[PDB]
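Read the single chain below, which is given as structure tokens and is the form deposited without the named molecule.
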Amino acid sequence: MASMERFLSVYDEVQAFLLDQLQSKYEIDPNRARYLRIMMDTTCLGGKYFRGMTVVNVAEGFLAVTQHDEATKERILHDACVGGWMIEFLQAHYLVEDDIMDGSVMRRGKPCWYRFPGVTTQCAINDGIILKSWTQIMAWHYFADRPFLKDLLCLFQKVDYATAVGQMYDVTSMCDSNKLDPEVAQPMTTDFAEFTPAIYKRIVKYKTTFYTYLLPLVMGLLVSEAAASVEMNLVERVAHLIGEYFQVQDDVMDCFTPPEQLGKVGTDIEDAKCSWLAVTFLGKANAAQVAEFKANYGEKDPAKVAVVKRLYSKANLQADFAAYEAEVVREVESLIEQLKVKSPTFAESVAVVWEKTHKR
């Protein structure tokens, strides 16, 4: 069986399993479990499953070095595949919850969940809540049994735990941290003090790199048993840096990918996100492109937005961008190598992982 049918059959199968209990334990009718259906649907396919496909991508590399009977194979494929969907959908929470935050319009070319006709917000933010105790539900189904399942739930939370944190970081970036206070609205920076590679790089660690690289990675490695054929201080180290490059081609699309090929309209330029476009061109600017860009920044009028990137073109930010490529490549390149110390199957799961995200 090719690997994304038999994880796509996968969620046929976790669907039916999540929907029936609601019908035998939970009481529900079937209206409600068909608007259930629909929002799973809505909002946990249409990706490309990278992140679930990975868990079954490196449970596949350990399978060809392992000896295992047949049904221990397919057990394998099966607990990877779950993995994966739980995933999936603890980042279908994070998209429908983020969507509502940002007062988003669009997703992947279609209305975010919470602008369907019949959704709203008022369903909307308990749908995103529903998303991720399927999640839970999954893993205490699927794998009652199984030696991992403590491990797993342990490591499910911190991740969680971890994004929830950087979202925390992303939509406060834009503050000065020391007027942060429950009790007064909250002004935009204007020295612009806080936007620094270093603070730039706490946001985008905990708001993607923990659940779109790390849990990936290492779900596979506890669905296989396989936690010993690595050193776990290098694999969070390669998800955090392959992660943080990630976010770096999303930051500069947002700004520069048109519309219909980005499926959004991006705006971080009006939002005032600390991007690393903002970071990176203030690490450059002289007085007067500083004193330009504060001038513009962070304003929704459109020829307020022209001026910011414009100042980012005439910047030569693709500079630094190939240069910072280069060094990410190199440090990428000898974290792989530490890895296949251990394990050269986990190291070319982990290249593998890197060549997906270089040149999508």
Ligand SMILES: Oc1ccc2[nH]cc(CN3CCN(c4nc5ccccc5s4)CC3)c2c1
Contents of the next structure:
2 protein chains.
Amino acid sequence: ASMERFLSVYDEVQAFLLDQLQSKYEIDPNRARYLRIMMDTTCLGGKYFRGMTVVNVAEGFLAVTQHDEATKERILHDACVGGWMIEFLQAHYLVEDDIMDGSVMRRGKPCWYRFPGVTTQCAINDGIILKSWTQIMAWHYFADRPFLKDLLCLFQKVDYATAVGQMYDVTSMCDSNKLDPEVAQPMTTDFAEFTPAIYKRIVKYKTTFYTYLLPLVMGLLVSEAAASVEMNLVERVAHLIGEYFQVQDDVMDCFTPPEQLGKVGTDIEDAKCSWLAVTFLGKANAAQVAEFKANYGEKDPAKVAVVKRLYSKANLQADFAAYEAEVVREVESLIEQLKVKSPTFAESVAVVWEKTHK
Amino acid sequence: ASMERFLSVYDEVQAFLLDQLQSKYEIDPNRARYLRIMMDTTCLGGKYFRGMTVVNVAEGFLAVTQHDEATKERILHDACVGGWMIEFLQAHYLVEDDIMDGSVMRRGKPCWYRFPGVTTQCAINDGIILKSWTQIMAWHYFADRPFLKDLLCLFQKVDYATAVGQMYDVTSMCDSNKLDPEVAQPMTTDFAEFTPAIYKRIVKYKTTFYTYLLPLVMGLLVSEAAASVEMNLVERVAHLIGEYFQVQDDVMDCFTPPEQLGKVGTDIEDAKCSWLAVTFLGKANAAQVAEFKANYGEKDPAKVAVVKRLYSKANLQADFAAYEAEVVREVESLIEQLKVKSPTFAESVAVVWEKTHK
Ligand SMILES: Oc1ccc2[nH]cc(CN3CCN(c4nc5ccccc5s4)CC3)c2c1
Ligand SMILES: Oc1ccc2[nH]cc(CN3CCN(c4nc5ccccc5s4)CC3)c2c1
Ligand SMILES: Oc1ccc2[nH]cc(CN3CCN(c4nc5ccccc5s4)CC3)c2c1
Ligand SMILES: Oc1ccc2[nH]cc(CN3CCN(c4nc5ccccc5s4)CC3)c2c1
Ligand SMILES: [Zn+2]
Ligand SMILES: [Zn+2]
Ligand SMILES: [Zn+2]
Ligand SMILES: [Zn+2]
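In place of the form deposited without the named molecule, the structure of the form deposited with the named molecule bound is requested.
And the full complex, kicking off with our chain again.
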């Protein structure tokens, strides 16, 4: 089964990385153990959605393409290694983002930097190592592959887009005209930059390239199937589903119980440009806008409660339903367009959408 | 002249990166200005020793190889872009290291994260962007080059070695057997791991791969000259000169005036495994070892003063002279061995050594 293959490959790649640290980097057993625990704590525990998308896209093509059994095994192993490169890339950004944001919990456990024996001094570098491991995986496992060049180039572009998206996210509550490294940044008072187009830019870059575009294209590359698809359609469907995924996350930050969320959501306190805040400002009257401005971005729990009441009273569930209906309509249209050149790839996209939507 | 070409290429690469952010990443002018200032503040102001080594190695080969003038210009431009990849890689590690270490100043100015309009939340990501820019440079400028694969593979290996070296450095005052992410780390009390071999491991990985190996090998790659040298000799001379460079830095941290150093050195307070501490413990009597243990790794200025007195009284200048004489002897021996296959490359190494030694 796909998941068991994927998890077995994690143990293989971990053993390869740690054994290389011992044979080539002069590591001692205690530091190798620290790095093993860091890898497990930061890479494991999630749903493996991104990595398993690579595997599922590759399985779709195997079902319809003639190959010797050894070639089928090679392609699946490559899809698993590629999927772990994306999981380790995500692990890098979660470790760093948690330190940047001063976060407390991630997936029901303390953020890595908060572990007593880690601290920010080590965790920033541990995050650097996580992303370096993605490149060590690629050069080792894909050394003789025809797709190595395209895969590394895609991966770099996606990583850069993600870092640019993090910049857009962390500065989303500043007035753009005031940004200046030499001057402490005040929070926006007018919220003029909390618009659907600005929110779409943040989300497109901060999450959609690594959560949807990279796994789908990597599945095509390891399958040597990229010429069988219209790349512009793949980008459009990846950016569309990815935005919906971030809207779901934004709603959950505000209203999903902390036990289910795996943390205490603080987007209101952090003055984030969330879908809820943009959608609220898109329908609020003058008194509602004024109440929002007087309470948003404040740690005071009573102020956070005022904001959640404004969102609840504004009936944002109706705006979410209209948005969800439009996304269902557009994703189904793109899936139809993908069937022109590849019904197998269109089906993988339908699975990815179904898993996101539910 | 070499320096003017190198600086002109910085402006070209900066314009390329920022123009790409506008045409492909939807950046606005204010964020483009923030990134321009971040690039200038974190990449410029140093001696450009690493980047200029690439240029000097390439100039050496141009002097003895037949090429059309357009090819000479292409090779020099590539050497400048490669040199800036290494300068931006260093910029990434300085930004992150300063945050990890809680540093105050770097090159006579505040550390980047301390700028009022930056903060740790932005600076960690700015550091991530600096390293991503090295890959954008490579894929753009070297897209059609025969050396692209080897250059990217070398660069990844050097980056990984550096991150591993940072782990060795940050944990150098812990007892290895006590390292555990779940347990807050006490400082060593026995200093048994402050040995010449453990110090050599820290230094080899944390600085020598990116400061000496990477510039020398990159100069060979852009010149298509790597088969003209014995790679094992290049590694040995790079690791040897690089260690001497770090010993010089360690002595300067303790005894160079802050105005000349560009910061207030705090290796004693930070309990670093410095050359001074290892060399002191290698010659101290029992009472001197006990006094060192009672004062090292403490913020108290009177305790720091006791350590500097112990170092001064131990006549560490005599150990430095013996070490320096041994390094001069070994670097000259390796330069001689390099002349067997390439007198031009051996001369570049002699220049690199001369610039380091003085
Ligand atoms: O999650 C937390 C943890 C601790 C906390 N303490 C106080 C808070 C509540 N907010 C106070 C204001 N604010 C700001 N953000 C920016 C970003 C850019 C420019 C100006 C501002 S003003 C976010 C945090 C909080 C939240
Ligand atoms: O004032 C508060 C504070 C905390 C609270 N926790 C739960 C609640 C009660 N409802 C508030 C509104 N709601 C939403 N569901 C969606 C789904 C999609 C998009 C927007 C929304 S809005 C369901 C829960 C509540 C109220
Ligand atoms: O530069 C500074 C800035 C602020 C400061 N405050 C106090 C100090 C002085 N030292 C106190 C002890 N110490 C430790 N390091 C480690 C690392 C690993 C394991 C245990 C320890 S115990 C370094 C700092 C200091 C220095
Ligand atoms: O007690 C103190 C405290 C601060 C101080 N600043 C300057 C001093 C006075 N000398 C102390 C020793 N020295 C060193 N030069 C080298 C060079 C190579 C290797 C080891 C050393 S040791 C020169 C300056 C001093 C003393
Ligand atoms: Zn964040
Ligand atoms: Zn969120
Ligand atoms: Zn450091
Ligand atoms: Zn130093």
